[PDB]
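All protein chains but one are shown in place.
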Amino acid sequence: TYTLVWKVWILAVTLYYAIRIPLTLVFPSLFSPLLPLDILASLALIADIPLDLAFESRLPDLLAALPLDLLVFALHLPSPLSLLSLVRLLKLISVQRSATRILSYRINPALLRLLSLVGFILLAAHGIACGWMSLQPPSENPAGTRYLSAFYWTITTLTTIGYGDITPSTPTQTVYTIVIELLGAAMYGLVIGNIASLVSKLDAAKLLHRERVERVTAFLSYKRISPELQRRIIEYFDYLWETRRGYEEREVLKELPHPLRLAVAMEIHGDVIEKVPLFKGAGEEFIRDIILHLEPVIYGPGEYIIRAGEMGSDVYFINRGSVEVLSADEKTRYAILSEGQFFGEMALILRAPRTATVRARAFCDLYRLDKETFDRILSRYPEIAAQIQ
Amino acid sequence: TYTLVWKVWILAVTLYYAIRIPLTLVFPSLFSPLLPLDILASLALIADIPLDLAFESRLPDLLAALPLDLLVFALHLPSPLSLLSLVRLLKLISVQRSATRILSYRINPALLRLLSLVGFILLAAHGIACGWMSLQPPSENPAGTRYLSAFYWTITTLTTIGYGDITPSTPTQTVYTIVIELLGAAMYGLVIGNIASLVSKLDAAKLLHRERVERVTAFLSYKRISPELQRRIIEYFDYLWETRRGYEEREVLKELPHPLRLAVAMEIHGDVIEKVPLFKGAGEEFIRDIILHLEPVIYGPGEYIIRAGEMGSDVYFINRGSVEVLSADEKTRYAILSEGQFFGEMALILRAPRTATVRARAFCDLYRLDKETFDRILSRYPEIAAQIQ
Amino acid sequence: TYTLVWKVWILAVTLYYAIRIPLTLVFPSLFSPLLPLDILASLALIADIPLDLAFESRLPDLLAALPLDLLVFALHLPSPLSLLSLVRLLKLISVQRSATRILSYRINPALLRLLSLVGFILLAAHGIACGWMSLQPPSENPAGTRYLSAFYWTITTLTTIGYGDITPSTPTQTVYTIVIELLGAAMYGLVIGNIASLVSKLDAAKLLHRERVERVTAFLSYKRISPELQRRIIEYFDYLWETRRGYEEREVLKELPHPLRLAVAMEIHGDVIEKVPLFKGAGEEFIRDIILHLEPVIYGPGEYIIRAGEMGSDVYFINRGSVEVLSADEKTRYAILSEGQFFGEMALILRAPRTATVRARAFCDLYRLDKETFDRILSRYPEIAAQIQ
Partner (left out) sequence: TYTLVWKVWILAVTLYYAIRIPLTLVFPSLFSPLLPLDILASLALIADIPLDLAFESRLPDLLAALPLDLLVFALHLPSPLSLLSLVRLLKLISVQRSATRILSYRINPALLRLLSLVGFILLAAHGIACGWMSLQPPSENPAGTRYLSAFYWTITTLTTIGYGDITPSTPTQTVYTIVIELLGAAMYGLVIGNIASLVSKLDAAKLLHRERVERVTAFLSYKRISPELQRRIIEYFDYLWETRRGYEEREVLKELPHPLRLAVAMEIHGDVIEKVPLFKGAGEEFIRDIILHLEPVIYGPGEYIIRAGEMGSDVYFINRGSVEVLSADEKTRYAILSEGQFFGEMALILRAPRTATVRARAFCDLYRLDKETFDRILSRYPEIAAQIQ
């Protein structure tokens, strides 16, 4: 758990190198003031190059391990022989790999890639400003002012803005500006593509539900469906989006493995069947088997779950909604059933027409178990089929 | 239902603050002329900060509740001590959250996010123009003209255009222009990504049908399918796209819950089975059970639904098309069947070869019920199996 | 079929209006030279406004029907009272709707939307150049040269390039340039989004096959699969992509309706079962029923379809590949089977171990029919079960 601070320190030291080595390349009078920090960074990299193998393609790390920057700056080598100090930025590839490895589970990978690209773009802009120094004619200008001008020019170039108040004056400056132009176009396209990918998946669930509703309502309007049924279906879809975020229970449950799905079924509806008087005198295997076959169904307000006098082969367990039960002819209210309650128990023990109708008060979700699955389950458990009969 | 006008008023007051507080920061001679509106806005925010809890992360609302802007403007504090008045824009986050909460169901969420980003970009452009005032050297220029120049510069920057006729002249102006450059690149990328996400889902159904047709025709061309069958399949796909928008009936129906699917089946084909002479003397449960197993099939023009003399185990209910019936050898036209009619009733009561052939005149859609599902349904209802036999 | 030329003429006349009315607004000395074309266009629009109801939201058409442009130009009304002539561009909305309606089936809808946006952008650029005339100070410059300058400026603005050699000089010019800046950013974002949507679906099948291969090979590498089996699976996937474009036969077939799927099965494998000696003395219903249950399987080179001495319950019909049959111990080659041939016929008439092994020479695709479906089919046709026994 203590490797996170070490990785953060590696981030800090590699950013310090990325900001320092091109500035020191530009200004030779910068090696000595930051010499202690430079040697500290070098020894940190040396001590980190074996530490990567502990608690874990490695060519960039090896290239950025040995200190080329110290030799070229101490010897005051010319620019072609000092451009080899730029190998310290090979640490950035391994840093980005480690960052994607450590915090991918906590941060959206598209957003993480976008922030990594933004940081790399800022570092590249600093490097391009330093390169702009390398070709700008010498002048009696403060280092801060000329760095501000170079950073302004490179930020104008990368963002494809092109004010034109800072333009090349020498052929080498023109070649460098063409290269930076192409690089800035490439990274601006990368930024826009990353933003587009992030945005297109920002509301994936909402868009999925929207197209789900649109296709259903278009199909219904083709089939000449009355506005009442259309409004009821739209209200059901709105309730589904507001409660389950438009996710069907069956699709989510089947995507889980057998033991996790069994535990989920336990926690969702084990109490509601534990209240059930019929299923006592039975082992936990029978309970798990019957609740693994509970098919959820959502009933809107004013909908008839069943009709009295009809055959009936289903048993319903209320999960989160509230539902009312009326008489056979639906004049008087027998009782009120809420979460944790169940009805239709008479259908399991006897094959006779139902006694009373039950209608949903509001949007209620309940689990329906047909007689086929119940008979299949009790067939595997003859000892349970005795007392129920 | 009266909270919509209150939310609209909150929108208006927060936009007024967003347009006012930076302008008043720029021009000190603006606090007094808009003092009544300022105090009205302040009292509206104070009265709204408890109203959010009624009829419903809250840190921005609390930050934007108390009036920092009134204190700094009355005391004429310097710019570093008056930048704290910008906390009133924390109301914008809650405003955007409320806007996404209230009208997401009525407006495409991608388009809603795009418009919200456009409005925020306009407000940010106004703020950036005000900041451009804050660093522009003082001059004897009208407020309108200098605001027009600043807004022109910031709109040029944000849209990544960069005319260059308005460029920084001071180092602080250069730093501010770099910051605004990065911000404008970021928001232009955001705009382009939002537009790309909106466009990619503009014709999701049409693109789905297009790739559906393309894969089918490529597979058929691989299998050496004659141009006649290819043209017939293409015509069927065109009819499907023009009627059902390329949506299969089974996929749409199975995506609905059991009661809503039952009601949809009711409205689609309850009349066509109510005409059916065979199914009278039966309860509504049997009707719902049989029509819940009706598998829709689309028959193109000139296609043979069945052949006379063949065994036959299907019954078809015309839904929206028109179909013709010929003789066994197909010389004479027996009759014409249209929407609401049905044929194949003889197969349900007797297992004998069919008497006559039936061929589709135009593109007709009808529901086919095989003998297996019918026998399964009537087995559950022995009382219905009596009169049918 | 003669409405296509009329729609093309409407396209030409509305483009002529879009290019003419702003130019004539800019140059008052342009109404008379194009007066015959103007009145011809007006009468064409008048005669077309009832023709839309024949052989087929209509508010833009009604607005663009009556000739506001003729009145304002003849009366030489000022700019605020002549801006009402721009209602003729309301014809563009109906033109775009008709274009999307007529040729959506022949041209990729994303590409069609991109071209429509490009044309609208060109027309808008012409209009913006005309507006640039409307605010440019009067000068002794040729109309062609000033139009070229205005079009250059507007094309620079819309493409977010911003050279800056043409910049506003008056406050009204600055406001117009800000508006055109925002519009150009919006339409450039629209162009980029349309291009991104078009590109993301350019290789949908290829990308689907690529991710299909990648997930399979990653899962196999996780399960420690030898390089031989990995190479065989990669070769099979390459063959599948090169022949069927990565589309599984079952997925394509099940996406078709029952009669079209039956006809496809007819054309694919009716000859190969017509050669089959066992299935003669049988009606076409039995043939269609058995071939509707043919499950396709792809066998790579060197793969064992079955093994001699094993029980065996499958019959295979070669479709497009070439396959060889060896002895029971696989020393001698019994024969060579090609497209249109079949083997495994002994398993249908007798439940005994197979006599010889059969191995694929090259990548061969054949249809496998297990004994379960065959027994189910022949059970429905007892008259066919006689001679086969």
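Chains here go by letter, A, B and C, matching the order in which they are written, and residues are numbered from 1 within each.
Note that in this section contacts are C-beta pairs under 8 Å (C-beta built on N, C-alpha and C of every residue); 3 or more make two chains touch, one makes a residue touch a chain.
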Checklist outcome for this item: Touching the hidden chain, out of A:222, A:247 or A:304, is A:247
Next on the checklist: Touch as defined at the start, partner being the missing chain; which of A:181, A:214, A:238 or A:310 qualifies?
Outcome noted: A:181
Item to check | Option touching the unshown chain, where A:285, A:295 or A:372 are the choices | outcome: A:285
Next on the checklist: Going by the contact rule already stated, which one of C:44, C:71, C:182 or C:195 would touch the omitted chain in the full complex?
Outcome noted: C:195
Next on the checklist: Touching the hidden chain in the complete assembly: which of C:52, C:255, C:267 or C:303 does that?
Outcome noted: C:303
Item to check | Given A:14, A:194 or A:313, the one touching the chain that is not displayed | outcome: A:194
Checklist outcome for this item: Touching the unshown chain, chain C contributes residues 144-145, 148-149, 151-152, 155-156, 158-165, 188, 191-192, 195-200, 202-203, 206-207, 210-212, 214-216, 218-220, 222-223, 225-226, 229, 232-233, 236, 238, 248, 297-300, 303-305, 307, 309-311, 313, 368
Checklist outcome for this item: Residues of chain B touching the missing chain are 160-164, 192-193, 196
Checklist entry - Can you name the residues of chain A that touch the chain not displayed here? => result 104-105, 108-110, 113, 157, 160-164, 167-168, 171, 174-175, 177-178, 181-182, 184-186, 188-190, 192-194, 196-197, 200-201, 204-205, 243-245, 247, 249, 252, 255-260, 263-264, 267-268, 283-285, 319-320, 380-381
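To be clear about the criterion, only the chains that are shown with their structure count from here on.
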Next on the checklist: Using mean CA coordinates as chain centres, what's the gap between chain A and chain B in Å?
Outcome noted: 22
Checklist outcome for this item: Cα centroid separation, chain A vs chain C, in Å, comes to 31
Checklist entry - Where does chain C touch two or more other chains at once, residue-wise? => result 160-164, 192-193, 196
